[PDB]
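Model the full assembly from the supplied sequences, consistent with the hints where possible.
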Amino acid sequence: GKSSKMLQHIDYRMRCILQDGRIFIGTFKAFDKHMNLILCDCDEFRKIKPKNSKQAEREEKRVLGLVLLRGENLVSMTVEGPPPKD
Amino acid sequence: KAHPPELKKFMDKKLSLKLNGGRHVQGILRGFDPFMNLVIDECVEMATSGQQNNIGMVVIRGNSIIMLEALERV
Amino acid sequence: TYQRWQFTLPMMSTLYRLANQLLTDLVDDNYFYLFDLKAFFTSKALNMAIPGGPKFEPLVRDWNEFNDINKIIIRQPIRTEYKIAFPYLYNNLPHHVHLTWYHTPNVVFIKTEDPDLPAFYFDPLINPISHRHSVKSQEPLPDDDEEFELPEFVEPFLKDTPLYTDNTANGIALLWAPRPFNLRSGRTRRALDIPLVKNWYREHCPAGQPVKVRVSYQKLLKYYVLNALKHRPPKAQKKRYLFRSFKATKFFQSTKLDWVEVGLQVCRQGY
Amino acid sequence: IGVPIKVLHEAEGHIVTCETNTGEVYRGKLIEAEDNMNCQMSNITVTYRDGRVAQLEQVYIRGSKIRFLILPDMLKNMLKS
Amino acid sequence: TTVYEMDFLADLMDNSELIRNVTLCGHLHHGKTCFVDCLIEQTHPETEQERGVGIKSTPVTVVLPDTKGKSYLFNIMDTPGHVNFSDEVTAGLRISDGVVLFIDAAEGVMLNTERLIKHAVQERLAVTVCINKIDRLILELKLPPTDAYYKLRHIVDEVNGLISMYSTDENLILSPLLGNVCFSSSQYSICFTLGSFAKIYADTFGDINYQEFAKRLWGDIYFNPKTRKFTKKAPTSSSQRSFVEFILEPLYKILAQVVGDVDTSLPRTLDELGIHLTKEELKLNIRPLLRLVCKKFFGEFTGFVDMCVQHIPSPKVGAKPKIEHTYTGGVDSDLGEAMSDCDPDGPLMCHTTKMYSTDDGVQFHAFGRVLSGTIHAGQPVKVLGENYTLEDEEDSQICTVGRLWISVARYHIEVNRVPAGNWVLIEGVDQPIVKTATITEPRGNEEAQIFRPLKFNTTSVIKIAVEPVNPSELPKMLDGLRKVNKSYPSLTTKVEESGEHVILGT
Amino acid sequence: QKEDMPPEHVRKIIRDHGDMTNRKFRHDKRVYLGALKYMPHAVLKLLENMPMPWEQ
Amino acid sequence: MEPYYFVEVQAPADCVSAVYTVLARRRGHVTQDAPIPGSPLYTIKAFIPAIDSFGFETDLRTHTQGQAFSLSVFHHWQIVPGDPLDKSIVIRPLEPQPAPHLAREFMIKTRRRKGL
RNA sequence: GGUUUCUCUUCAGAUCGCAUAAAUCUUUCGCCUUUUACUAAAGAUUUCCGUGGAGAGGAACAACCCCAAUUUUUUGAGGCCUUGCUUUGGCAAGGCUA
Ligand SMILES: Nc1nc2c(ncn2[C@@H]2O[C@H](COP(=O)(O)OP(=O)(O)OP(=O)(O)O)[C@@H](O)[C@H]2O)c(=O)[nH]1
Ligand SMILES: [Mg+2]
Ligand SMILES: [Mg+2]
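Chains as they are written, first to last, in this note's numbering: chain A, 1 to 86; chain B, 1 to 74; chain C, 1 to 271; chain D, 1 to 81; chain E, 1 to 506; chain F, 1 to 56; chain G, 1 to 116.
One should not assume that every hint holds.
[Said to hold, decoys possible] Going by beta-carbon spacing under 10 angstroms, a handful of chain A positions derived as facing chain D:
hint, residue
1, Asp11
2, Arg22
3, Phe24
4, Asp32
5, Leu37
6, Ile38
7, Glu44
8, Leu68
[Said to hold, decoys possible] In silico SDA-like pairs for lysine to any residue, Cα to Cα no more than 25 angstroms straight-line:
hint, chain 1, residue 1, chain 2, residue 2
9, E, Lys118, E, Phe456
10, B, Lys1, E, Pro225
11, D, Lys6, A, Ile10
12, C, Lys222, C, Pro178
13, A, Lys47, D, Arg67
14, C, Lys136, G, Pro35
15, C, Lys136, E, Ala234
16, E, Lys56, E, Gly480
17, D, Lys76, E, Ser16
18, A, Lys47, A, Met77
19, E, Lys68, E, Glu212
20, C, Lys55, C, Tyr31
21, C, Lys71, E, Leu481
22, E, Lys455, E, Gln431
23, D, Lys29, E, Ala10
24, C, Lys212, C, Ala49
25, C, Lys83, E, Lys56
26, C, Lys71, G, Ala103
Keep in mind that the hints were calculated from the coordinates and are not lab data.
Note that the Cβ used here is the ideal one computed from N, Cα and C, for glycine as well.
Below, the structure written as structure tokens:
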């Protein structure tokens, strides 16, 4: 009925954990009926997700940029970023 | 709907293909299915240790078809 | 307040058929080839006359070495049609010359004789194709027995809709219809603004008329041309409103009368 | 019809990198990727998750076994959605 | 009296197999400019005019997605169709790779279409055909769909016979079946090939494969529904060919319903065809209506993009068959190879065969395709004219590059750089050159040659003498004659000893 | 708003005034005269509303 | 040798006669006249001296009410009828000459124009 | 929350209003005794007959059932160990299962 489940925070930054576990934080490019997701200006986290980590906060971080993933490897989503003004 | 596997380009040729579970073989791709399950003749399997088992023609598990690559040039 | 009409095509087709005798029976522009505006503008600017066209006063009013007649090759005499068709090649001192040219593709529309034959229907006047050529070709035609079949829902995209109805030949005939009759909506005009005979005098080669009416034809073309030329834009604006200022006063009343009664009133008051 | 599948279809002619279900990363100029993401491409350079290398003049990539697809930044500039 | 997009354009530019350069040719009025324009709109919603005839050709570059969504770069030389101006056709041809004939349905083949076909065969280009204005069979001729098919097939087989006249090996004959042919009507937004029609069919209906479908339509194939299988004749039923029953009949009925029944039955026919139209758009006159209905139904132009993708060589393949005929060395040791590469590299070779003048002043713009290399503004370049032979460097002036432009029809896109494979408008190499010229790097040597100056289809035999009224004014007249020589490819000028400045035209 | 009168109001007014020679009116005289300046407008409005031969 | 022009006139069934008359006045030699199958129009092909083709199209369109419309292109040279070297031809200065002597006239005029 | 109609207020013709009038002025031309009334070309400006733009008030009338063996809600990828590398954690391999 509402149908905005993705396009509401679409264009926003969000961290999505994959069914493998990588926490990809990027600007949402589109949602999908299958969970076909795209993220622009993309980072991925493997070692830790920083929430005020004094020793380290940005590590085990891979640059993806344009990161296009399907729905099979979709695990969970959370809001992490405000949309870039570009 | 009912898309066809685009393997006529790899068709009539030989390829080295990994199927799931560490499985690796090489054989002449002679066909496929709409589920991508391909019967490719001259299957010679090279186990992870190096064992060489030429079994003849067999089908390739489509659900478990990990990745095939052509053994020659286009 | 009677602006903005909207009609259906049965209406418009009947209207067309009733107005059929006041109208022009041509479908394209190739008739007015050297008889259109830019042709008459160029003719005027060069002070030369077209056989059936108007004449005007000349727009404005020494030795030469080209003109030596011993050097000329005269095969066919250069006429005013040529000098007007190609005003930059057959003309010295062309000032304010508009460039006529048109080859507008010949529109070939055949009217339906009787309402019986189908809308789409081959005709005698159309030339019979009877196409013949060399060994036609062959192709990557997919012979069956490989396999193929239409997933049996699909049909020709429209099937119960027939090829035509009792509105088709008319709907098409209104596609080439002079100005008012090829619309379906528009604004309402004043009765003074509708020149019902304009397209009679805009026509070309009348061939067998008393000199009286030939001269009248070309005087009317001259008027029409000058009108087209002298169009100064509305250029300015104010809208003072007279009968409203009158009716908003205690001294004028209002009513409804018969046109003849108002006419007799007006003659008595002028007297 | 998928917007990501559409971006992938566009990805032909540009560089494409594929992380597989096993975790290998392959890079090459993408030729033709179907709706089912079966990426039949050429000149793939694939590094395995342990550090081993491999390369092929051609390659095929099954769809349901794709882990990720990263393209060159040519795309970052369809925004109407 | 395109900030976000030019970047992406440049991406396809550098790509060098996402692009195709084509020449639109055909007879007088047969639709080229209206096609090009309606298409310019389909991308950007953002003397020739007064005569109503196209005299000089126009370059247009656009990005169009094809039937798969892949965006492409398109370079279009839209050329006059008047027999007298084929010189601009030959310019666009030498700088282009393949050629779209436009042929009018209700006309077919005529003089310039025939001659241009002969010309593109003897210039070794690819030949793809758009049969245009097919509505003039429906709305104007009113031919029963069968006989419309007859005349269509006749046009196609005759253009075939003509290519047989001039190309010895029939690698390619023409049939819609291959992606060789669009059917169109540029005015109403109708442009489709069997591929595109079958694609809409399936994409709305069930899950049929469109390619097998596409391959069944043209050519005397029937369809008995009980079989659900397409078979050369075995209805003695007297049934229509599949082409009729599956493309001509529904399109015929679309028109018939629109021009006929706009008030009565058209809303339900739009129901069926899945096209929703607002009330205001139901309140249109019939020709705007027609184009709206057909454009909502038919999508943009996909038949064109498919034809051009499938049968155009694409400069990367491109250059090698080209530089043989073009170049005077052709392919030997240095430059034939360097070019046939097509790589952005080294030699920086270019061939400019057009001078598009700047309406204001004396300066012009040279225009041509860069074959090898990559050119940036402010570079110094060395031009060679047709007189320049290997050991004739006098003809080799040198200058810089003022600015670079890409052309929307009458829009300038100034730019920083251009790679090989692309057309370009150069500002500042104008003055040293006459009709045809070719360009290499400035003062850096490899060595240069020239592609053969243009051969023309026509011989200019009409002779016109010119002389100013006040003999005082001879130098200004001579500057005028230079300028017109720069603008016109085949114009010949001479000075007859007896005092005449003489112009030779067609 | 301004509401319209019955036709006999004006018909009677004009019939009464007849031709302004009776002394009863004799101030209308000068207003009657002043309305001359607008008489070419009344004629134009009359003639452009002519009744069109398919009507009675 | 003079050039010849290849003229192709698409025109209705009516004005074929007028095309004939105009070509006869301009030294025509009509080659062929055939219908355009699929439309009620005829195609006429003819040859015509380039000297005579001046205004030919305009006169055609004029006489046929814009029904006719013809294009023309250089096709092949042909031997002008006359003897180019004959002092026994005397060319009146302004009027067009009959067939036997167009060659004398053209060569004289071209030499008096440039070659002297 | 809609159209239509009336009244009131304000803003604009760049090809228009798919129609086309008159006056004034400037320069030529023609009529001819003089001035008005006129001629026919170019040019400029005005007036008139209609139209478009924006808003306010009022008015009237409508109306509050079945499915998942390649891409996500059936997926049988299950376990253990030996070796190694690691500061331990942890991580790489093979083997055995039932
Ligand atoms: N019947 C019909 N007429 C069309 C169609 N498209 C264009 N036309 C008309 O055909 C005429 C041709 O005009 P252009 O589009 O400029 O044709 P063109 O070939 O580019 O003109 P040139 O370049 O000078 O040869 C136009 O006036 C259009 O009105 C069409 O689809 N159907
Ligand atoms: Mg054109
Ligand atoms: Mg006096």
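Evaluation of the provided hints:
no., hint, result
1, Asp11, "9 angstroms, holds"
2, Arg22, "8 angstroms, holds"
3, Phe24, "9 angstroms, holds"
4, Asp32, "6 angstroms, holds"
5, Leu37, "7 angstroms, holds"
6, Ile38, "5 angstroms, holds"
7, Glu44, "9 angstroms, holds"
8, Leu68, "5 angstroms, holds"
9, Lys118(E) with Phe456(E), "12 angstroms, holds"
10, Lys1(B) with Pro225(E), "22 angstroms, holds"
11, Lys6(D) with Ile10(A), "18 angstroms, holds"
12, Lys222(C) with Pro178(C), "23 angstroms, holds"
13, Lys47(A) with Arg67(D), "18 angstroms, holds"
14, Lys136(C) with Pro35(G), "22 angstroms, holds"
15, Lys136(C) with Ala234(E), "21 angstroms, holds"
16, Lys56(E) with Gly480(E), "18 angstroms, holds"
17, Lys76(D) with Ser16(E), "20 angstroms, holds"
18, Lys47(A) with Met77(A), "18 angstroms, holds"
19, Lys68(E) with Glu212(E), "17 angstroms, holds"
20, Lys55(C) with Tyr31(C), "21 angstroms, holds"
21, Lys71(C) with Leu481(E), "24 angstroms, holds"
22, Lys455(E) with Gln431(E), "23 angstroms, holds"
23, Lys29(D) with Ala10(E), "18 angstroms, holds"
24, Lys212(C) with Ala49(C), "19 angstroms, holds"
25, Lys83(C) with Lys56(E), "24 angstroms, holds"
26, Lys71(C) with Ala103(G), "14 angstroms, holds"
This entry satisfies every hint, going by the numbered hints stated previously.
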